[PDB]
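Following this message is one structure expressed as structure tokens.
For this depiction, one protein chain was excluded, whereas all remaining protein chains were kept in their positions.
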Amino acid sequence: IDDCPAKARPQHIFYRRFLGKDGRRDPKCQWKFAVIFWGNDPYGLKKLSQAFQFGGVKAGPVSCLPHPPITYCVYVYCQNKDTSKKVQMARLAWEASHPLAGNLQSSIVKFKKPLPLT
Amino acid sequence: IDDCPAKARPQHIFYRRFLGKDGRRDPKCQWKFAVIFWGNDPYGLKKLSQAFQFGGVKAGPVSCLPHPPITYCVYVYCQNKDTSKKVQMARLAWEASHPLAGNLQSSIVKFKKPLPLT
Amino acid sequence: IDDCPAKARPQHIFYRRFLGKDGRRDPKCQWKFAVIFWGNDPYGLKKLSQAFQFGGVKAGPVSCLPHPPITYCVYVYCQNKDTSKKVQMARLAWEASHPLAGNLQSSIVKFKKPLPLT
Amino acid sequence: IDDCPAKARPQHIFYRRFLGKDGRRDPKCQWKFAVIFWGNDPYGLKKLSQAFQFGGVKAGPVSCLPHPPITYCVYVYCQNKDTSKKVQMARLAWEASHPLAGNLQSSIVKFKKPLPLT
Amino acid sequence: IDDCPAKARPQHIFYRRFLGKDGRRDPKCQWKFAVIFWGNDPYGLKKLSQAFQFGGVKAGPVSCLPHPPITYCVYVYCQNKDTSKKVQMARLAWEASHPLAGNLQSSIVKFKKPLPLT
Amino acid sequence: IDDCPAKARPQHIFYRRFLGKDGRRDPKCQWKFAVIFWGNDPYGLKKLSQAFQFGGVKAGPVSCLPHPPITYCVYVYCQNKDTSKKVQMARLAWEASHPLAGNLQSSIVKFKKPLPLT
Amino acid sequence: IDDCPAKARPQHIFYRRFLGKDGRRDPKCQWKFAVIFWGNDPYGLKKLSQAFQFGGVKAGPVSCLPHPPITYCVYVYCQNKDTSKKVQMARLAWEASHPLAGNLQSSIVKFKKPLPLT
Partner (left out) sequence: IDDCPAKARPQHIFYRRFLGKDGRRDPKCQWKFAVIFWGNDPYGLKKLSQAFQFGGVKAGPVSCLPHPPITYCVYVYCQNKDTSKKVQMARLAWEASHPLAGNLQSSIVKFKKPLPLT
């Protein structure tokens, strides 16, 4: 937690408690699952990206989405189907608990072939 | 919210924000789903029971469980499979956000035949 | 049977014969299943609750249901899907065989995560 | 009930109450389902055959089974999957309720193509 | 074949060739499957019943069907789903090959619980 | 039948009777299904190919198979899953009924995208 | 590649690179799968047939299709469901990359019983 930059620490401590065992170091599992968080606010999305780094849950850098109002997004990568939806619920928890946090719309994601994270 | 007794109001306001549309008045849906919250603490379970009364989510009174340390439990009844697990996540959110709240272990529940709530 | 209070003994002896092996002591099985009996009559529901205590089948205390005419209910917890529906049929048997017994409407119940009874 | 011969009347009245709506006249349903009752006793099987004649449930005459102690059997034909298992439970009810009745072992049966009963 | 009565021998020799391995002595398999042959002609149905006796396929005696023109039927019991439909095709083969044989309408049958033949 | 060359007429008349409705002109159905007949004998396979031409069943010309003893094969194209296996049984019928006919080993075939026959 | 005739070598080298491991020598797998390429051009279909010979992928000789404009076709036999569709994509790749090549319409094929290639 000391290693994680300060800005996302309030979030980090929250998610660390929220997720539990399914969020920390389950090597046997394969990572087939991620969850994309998209929002117009780059600031909060960066905080979210910093917020999730774990044994079972990792998040990439902030990224733009295809435009047919720029949409920014950050993918949050998980192990199983449980933690995939649980992270989605983890953020909504923070939004409800902490009103000052922005509202982010997200969808669960399933990958067929495994991803290179272990 | 004025009608709901005070003790569960902090919880109520939380869940009211957490759940959203799937937690309020969806008449078309049939109630096949509930979620049981079991814990040794009657006090917190009573607060939980008072906490959930909604259009899509209703909770019965506190009840004991069969003993082969008395276990108390309160069922929380939902509409669909989404709100069933979402309520389970809603409580865990409160526990993580508010540390002073007790730890309650729970399981999602599926009913075959419909239940008389509309 | 001597231990079980008298009032539910006529029922108990009935269910003991009706259920058989699937109703007595199957430890290998996990309890994912229960069956809720709801009715307006507290008296008969109490008798039902006393009636079911077994190795594979356990019943909690009488409990109220959420009101949008008070409805009382008693959950009857089972091991597998077979005994879950079989108990539902076991009560209907008693109602048909013994006319004096009240009419109780019930639904089979499925739980996702296991329940703490062994 | 007057038309049904006397010997199976005690059974008939029982099953008539036990089965209910799913046992009487549901024309929309197709008969894909039957249930075979096999036992060594021809006497009781004949009584069973006389016992089941209904709108949704019909039973053929007593019949022998292939021998690799003669086994006699009587098929009981139903509409849906509900009534198929319900009849199986209906007999077990009679055996438990009435001890003097013999013990009959039976299995539920599924037919792919429909059967000529309407 | 010498043991099998003469009348069904032309049929027997036919089915013996038609069915093959799946029709003779597969003990590992459980008998969940039968096929009912129903027809108005008792004579041909008796010949059919005599025609099928095998390691994997057995047929009971001729039996009547429930009447809402008497219908007679004979069940032919199999091991797996393959032989169940194969026997249905085996008879149709005989009808097409031998025109003098009567036309019999039949359906494949599935049993949930196993049957006492081994 | 007059149009079909003579050599396969004995077969043709057989299959015409064996197959019935599912073998003649069902336009609503899509052809997703064929059945491949492979054998070392080109002569009999040619007769088989001539034997099957129908509204619901069509057969292509005799063709070789990949060699890692030349294997010849002829595909027989059907409408639904019923007629696909039924044709497989139709040939086995001929082999059993008529001993002089050669023994041909075959497998049912399923195609994902539809085939250009209507 | 030296053994394969020259005309299909440009194709062969292409498919050899395109397919990879799933296209070369996987003995453990069973061949349940093929893919049929149909087209009006016999010339290109012959080139295609010569083009595919592999450890995991084999193609038979050019063959006609049933006519209710002669259609020629060549089946390409695979191991698993992956290579079945991959070959279909492999040809489309060649058509897009090399414009001079003809346009061939094809469908993936599934066989129930295994095929004699190993």
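Going by the order they are written in, the chains are A, B, C, D, E, F and G; count residues from 1 in each one.
Going forward, a residue touches a chain if its C-beta (ideal position, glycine included) is under 8 Å from a C-beta of that chain, and two chains touch if they have at least 3 such contacts.
Enquirer: Among the chains included here, which ones are touched by the excluded chain in the whole complex?
Expert: Result: the unshown chain touches A, G.
Enquirer: Which listed residue (A:4, A:13, A:29 or A:108) would be found touching the missing chain in the intact complex?
Expert: A:108
Enquirer: Can you say which of G:6, G:70, G:96 or G:100 touches the chain missing from this structure?
Expert: Of the listed residues, the one touching the omitted chain is G:96.
Enquirer: Which positions on chain A touch the chain that was left off?
Expert: Touching the chain left out of view, chain A contributes residues 36, 38, 53, 58-61, 63-66, 68, 71, 73, 77, 106-118.
Enquirer: Taking the full complex into account, what residues of chain G touch the chain not shown?
Expert: Touching the chain left out of view, chain G contributes residues 14, 17-18, 85-86, 89-90, 92-98.
Convention: only the chains that are shown with their structure count from here on.
Enquirer: Would you kindly tell me how far, in whole Å, the mean C-alpha position of chain G lies from that of chain C?
Expert: For chain C versus chain G, the centre distance works out to 62 Å.
Enquirer: Measure off the straight-line distance from the CA centroid of chain E to the CA centroid of chain F, and report it in whole Å.
Expert: Chain centroid spacing, chain E to chain F, equals 26 Å.
Enquirer: Return the residues of chain G touching two or more other chains; collapse runs of consecutive numbers into ranges.
Expert: none
Enquirer: Is the chain-to-chain touch network here best called a line, a ring, a star, complete, or other?
Expert: Here the contact pattern is a line, an open path with two ends.
Enquirer: Return all touching chain pairs.
Expert: Taking the chains two at a time, the touching pairs are A-B, B-C, C-D, D-E, E-F, F-G.
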